[PDB]
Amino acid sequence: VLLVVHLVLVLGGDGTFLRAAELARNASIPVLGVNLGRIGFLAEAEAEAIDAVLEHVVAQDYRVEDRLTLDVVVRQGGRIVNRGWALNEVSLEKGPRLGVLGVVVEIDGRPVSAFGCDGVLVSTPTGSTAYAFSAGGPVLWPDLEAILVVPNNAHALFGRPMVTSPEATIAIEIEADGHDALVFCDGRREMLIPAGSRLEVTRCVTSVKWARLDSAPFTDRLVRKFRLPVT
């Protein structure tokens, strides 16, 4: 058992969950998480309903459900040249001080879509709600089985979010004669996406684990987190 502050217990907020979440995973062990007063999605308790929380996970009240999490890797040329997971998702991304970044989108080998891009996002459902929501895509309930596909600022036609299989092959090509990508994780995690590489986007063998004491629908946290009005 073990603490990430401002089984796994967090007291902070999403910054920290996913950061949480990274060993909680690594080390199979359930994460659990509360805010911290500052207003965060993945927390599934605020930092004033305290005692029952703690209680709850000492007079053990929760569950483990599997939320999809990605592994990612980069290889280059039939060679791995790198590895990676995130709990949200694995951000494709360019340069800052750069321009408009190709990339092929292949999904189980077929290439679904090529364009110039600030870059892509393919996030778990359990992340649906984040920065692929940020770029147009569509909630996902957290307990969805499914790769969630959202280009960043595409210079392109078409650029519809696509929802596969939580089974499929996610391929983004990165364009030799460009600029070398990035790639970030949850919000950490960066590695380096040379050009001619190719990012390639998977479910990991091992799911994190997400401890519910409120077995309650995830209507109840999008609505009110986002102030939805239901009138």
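For clarity, a rigid core is taken as the largest C-alpha set superposing within 1.5 Å between two forms. Residue numbers count along the first chain shown, from 1. Compared with the form deposited in another entry:
Summarising the superposition on the core between the two forms, the listed residues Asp61, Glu190, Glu167, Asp180 contain exactly one with a Cα shift of 2 Å or larger, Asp61. If you fit the rigid core between the two forms, you'll see the Cα of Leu98 move by 2 angstroms or more.
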Second form
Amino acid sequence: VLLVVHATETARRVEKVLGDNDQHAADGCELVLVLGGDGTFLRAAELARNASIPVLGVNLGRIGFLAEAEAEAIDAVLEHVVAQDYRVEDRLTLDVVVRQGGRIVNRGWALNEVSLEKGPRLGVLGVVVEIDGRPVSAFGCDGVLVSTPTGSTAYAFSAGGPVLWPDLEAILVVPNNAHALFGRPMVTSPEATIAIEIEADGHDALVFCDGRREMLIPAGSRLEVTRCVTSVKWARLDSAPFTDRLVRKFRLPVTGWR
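Can you swap the form deposited in one PDB entry for the form deposited in another entry?
FYI, this one's just the chain on its own, none of its partners or other molecules.
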């Protein structure tokens, strides 16, 4: 067990029960356990990625979407860490390439969001969004989010997208502040290719993945996002349903229900 953390000192009760029984290639292990927030989980996934092992997440501070257990139950988790018994479920991951003159110049991955974004703070990004080899819209905007159903709850939600339950397989596209009549979010089979075409004449742009790995989009290039061949592995427990998490998260009213 790699253990990534951070009142965050239930950190010790983890090392207690585990011994009872440098970040980059820091994988080597069989499981990653994270004690922290949604952001921390995204961080651990980074690490679990390269030597494809499961991730598990324990919610210390706030209330998020990814962690599979509360803090005040860190023991009932350890039992399962020992027991090796949890179902590990593969989850849709996005693959992104950046291509100039037909040639792949940069490449990345996300489990929440590929967020192509304006370069200069002032002005707009000309972009042509493309779906399965055909164009759907040209407009200027702050960027385009290409999102996973897990990620459909993060930034893409802020950009105004719909909420996708986490066990669905789809790719979500939410144009981010598009100056245009149809800036409607679009949803697409997991088999599809979203390509966005940065304006040749304009300035360079950025992409961000899981709000943490940055790339540089040269003017005139092409982002291709498709479903990735090697998913992220998620530990799963007797956690609450996504539905319950959405409800808690957003204090959604639910009185009157049978």
